[PDB]
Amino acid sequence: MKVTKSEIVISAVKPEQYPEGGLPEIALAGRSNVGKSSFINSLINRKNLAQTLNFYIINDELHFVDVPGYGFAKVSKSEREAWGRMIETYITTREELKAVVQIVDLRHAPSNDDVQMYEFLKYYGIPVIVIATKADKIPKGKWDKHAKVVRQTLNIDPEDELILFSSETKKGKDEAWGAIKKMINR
């Protein structure tokens, strides 16, 4: 998978605004927006391409759907409910959705917010690709230890992949693309 084309398509809040075409969709979720944008840019060899669902068309073959971060400590109950109607409407009605990539940090245990998001996604039976980032900051000899902390914290389902990733060395980029293709062609 070589990304020869990527552009933003729309920032939508309701189904009437989701793009047409029936191309498969991969949504991306993370506790933080900055980290999430960073991951998306590294997947498509860009630095600047990445409350609304932001759709991006990639190689005219799929859309990435950027879900606003789920870190709610400082978000009003009201905005939380609105985020809830927005994401739940998308997940339950979007036929195109094939998997969600959930982004977490390899360096430390996932937060309860990451755990709750993972639980919420599995309740709906959506395949999840868990990406543990910042792998370049951890010595290789400790990768397995850090992976295990992520896996055991989230209690990853045996059918879901855990991929260690670095936006700097591009470690896990081919693999992430591989799992994305597996989900889009099922």
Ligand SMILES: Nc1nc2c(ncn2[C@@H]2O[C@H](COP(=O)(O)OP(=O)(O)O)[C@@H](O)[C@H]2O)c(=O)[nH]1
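Between two forms, the rigid core is defined as the largest C-alpha subset superposing within 1.5 Å. Positions refer to the first chain, counted from 1. First, how it differs from the form deposited with the named molecule bound.
- After superposing the rigid core, the Cα of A109 is displaced by less than 2 Å between these two forms.
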Given for the second form:
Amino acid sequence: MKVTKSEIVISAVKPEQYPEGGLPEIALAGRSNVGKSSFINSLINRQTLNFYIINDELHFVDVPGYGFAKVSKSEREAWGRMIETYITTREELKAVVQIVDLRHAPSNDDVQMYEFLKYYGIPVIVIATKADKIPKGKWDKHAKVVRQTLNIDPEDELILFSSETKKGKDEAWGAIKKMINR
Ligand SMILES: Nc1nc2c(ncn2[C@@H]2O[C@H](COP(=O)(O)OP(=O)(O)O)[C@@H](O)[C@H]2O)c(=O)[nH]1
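Switch from the form deposited without the named molecule to the form deposited with the named molecule bound and print that structure.
Then the entire complex follows, led off by the chain already shown.
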């Protein structure tokens, strides 16, 4: 997608705050510091659920990074409610881009998130980023580990990505498009 417009529209602490209009939504989730914000900025050339209007045709919905253990119990609880509410009630949601680090096996938190999404029948685009930190010759090895750890559904997608080199950008947009026009 040639992005000519992208800007935050709301930072929702509650579902009442979600934007109206009914445009398709693609939510993004991953471990804190995995490279989610870098992934977003790459695609568009640049305690709340943040909605970004893209080209006035869809919203990216950025979910606060998970797996950061130095968080209060109340914050973790709030995070859980927020995502559970969103995932289970949002009709506009077409897919979640789950971003993981290609360098290592996905974590227990990644697996939990993936299992949660599949439980609710949510289409997922798995992005394994930081690919540039691994020799090209090992990309397949590391991708196989990601695939087997999450046990990725064959209808989901696994795309290797790098915010450094923009590897995966076109493929990621292409997948978002398939998900939106399902
Ligand atoms: N080498 C490399 N570094 C990356 C990549 N993506 C993110 N980073 C770096 O990893 C750190 C965390 O990335 P960031 O997008 O801020 O993480 P976020 O917390 O998930 O939003 C930053 O220092 C980024 O520069 C990538 O694909 N390749």
